[PDB]
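The chain below stands alone, shown as structure tokens; this is the form deposited without the ligand.
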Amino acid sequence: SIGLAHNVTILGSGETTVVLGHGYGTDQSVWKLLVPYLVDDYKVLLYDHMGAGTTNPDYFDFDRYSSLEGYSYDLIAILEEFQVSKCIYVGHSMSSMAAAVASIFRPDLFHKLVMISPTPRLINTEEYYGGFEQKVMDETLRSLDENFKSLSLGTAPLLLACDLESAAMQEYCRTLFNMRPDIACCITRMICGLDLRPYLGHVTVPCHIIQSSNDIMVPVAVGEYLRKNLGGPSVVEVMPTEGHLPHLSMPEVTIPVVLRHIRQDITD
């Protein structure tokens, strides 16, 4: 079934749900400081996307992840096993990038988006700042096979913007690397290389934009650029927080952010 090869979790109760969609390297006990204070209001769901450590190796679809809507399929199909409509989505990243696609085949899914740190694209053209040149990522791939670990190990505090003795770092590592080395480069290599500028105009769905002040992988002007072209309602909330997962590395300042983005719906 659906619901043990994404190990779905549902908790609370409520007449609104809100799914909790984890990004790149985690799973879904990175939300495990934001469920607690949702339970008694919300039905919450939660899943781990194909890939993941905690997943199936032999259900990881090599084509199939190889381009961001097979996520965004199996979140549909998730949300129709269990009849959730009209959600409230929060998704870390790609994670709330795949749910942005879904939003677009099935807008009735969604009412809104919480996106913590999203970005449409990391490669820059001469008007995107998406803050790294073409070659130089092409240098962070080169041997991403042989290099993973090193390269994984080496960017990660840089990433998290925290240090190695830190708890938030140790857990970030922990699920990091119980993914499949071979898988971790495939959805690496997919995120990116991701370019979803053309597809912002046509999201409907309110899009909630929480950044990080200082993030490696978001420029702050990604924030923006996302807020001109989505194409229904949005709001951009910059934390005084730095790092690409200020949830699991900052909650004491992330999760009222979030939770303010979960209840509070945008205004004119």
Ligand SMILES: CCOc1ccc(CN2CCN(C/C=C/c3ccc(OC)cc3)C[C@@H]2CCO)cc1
Given for the second form:
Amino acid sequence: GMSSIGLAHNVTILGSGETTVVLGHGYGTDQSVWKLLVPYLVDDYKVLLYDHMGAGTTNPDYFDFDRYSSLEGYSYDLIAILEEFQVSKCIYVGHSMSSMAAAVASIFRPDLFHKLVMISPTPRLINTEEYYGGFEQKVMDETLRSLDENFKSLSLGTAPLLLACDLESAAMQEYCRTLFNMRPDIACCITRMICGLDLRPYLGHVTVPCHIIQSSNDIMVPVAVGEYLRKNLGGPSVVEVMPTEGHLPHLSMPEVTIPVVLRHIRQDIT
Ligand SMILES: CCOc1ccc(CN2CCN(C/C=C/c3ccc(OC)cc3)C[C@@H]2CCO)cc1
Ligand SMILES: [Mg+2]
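For comparison with the form deposited without the ligand, would you give the structure of this protein in the form deposited with the ligand bound?
After this comes the whole thing, all chains and molecules, with the earlier chain placed first.
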């Protein structure tokens, strides 16, 4: 039985200030992915980092396969973490999956979020006749069907294009280190859940300001998805398309991405 929210999510606190920046790591990583951003924040902000349940650094006995088969399970966990640490009006910075979990959380508890800074978000991968997310339903169905027996070979096969980095690069090695740190059944559950998401009906209920940061070339996120988010979110928004490639530009191209993230943390939409 989980006795401590803070220990179960490996919560880390640094820095000081009137406002707290909360960092969410996204699929396949853990809070270590933020290591180069944090030093630029601590003089001005309190910083809270956490690992989402099912990351390889978390206890698999706490992974509830029912709750984490939908994104809102993560949203409700995030609310509990913020409440446990008495955080409100935070600046939430998240990579893709985490940023969308925070967007959903912000509908239920808008008081906990001053703004969202979202790296590579998408509300839905699967195409419809009117919405282009980049992925055909039937190809997704068959790829997920054999995911269990192919998890490593598929993940290794796509990761260089996903990250826009060479197989032997430091970014590839680091991403694979944390990705394969998940227990395989947990990894497959999270993968199936995020591939199946449709958050389009939630967007109009999101009212907190959203800063959307995108790579110019991201195989998971067409540039049109950033514009879709801008038009369909219920509050203020801004979209920045960076001269980067890859779905995790904060990991693979920090020299461009870190200054961009810092600007959106520091500057509110006017
Ligand atoms: C035409 C190509 O079809 C494909 C269909 C399937 C895959 C399998 N990939 C899909 C992506 N998986 C990570 C999910 C990221 C993500 C991020 C935000 C989000 O927000 C809704 C949803 C998902 C890894 C998984 C195995 C390694 O490749 C690849 C290609
Ligand atoms: Mg809409």
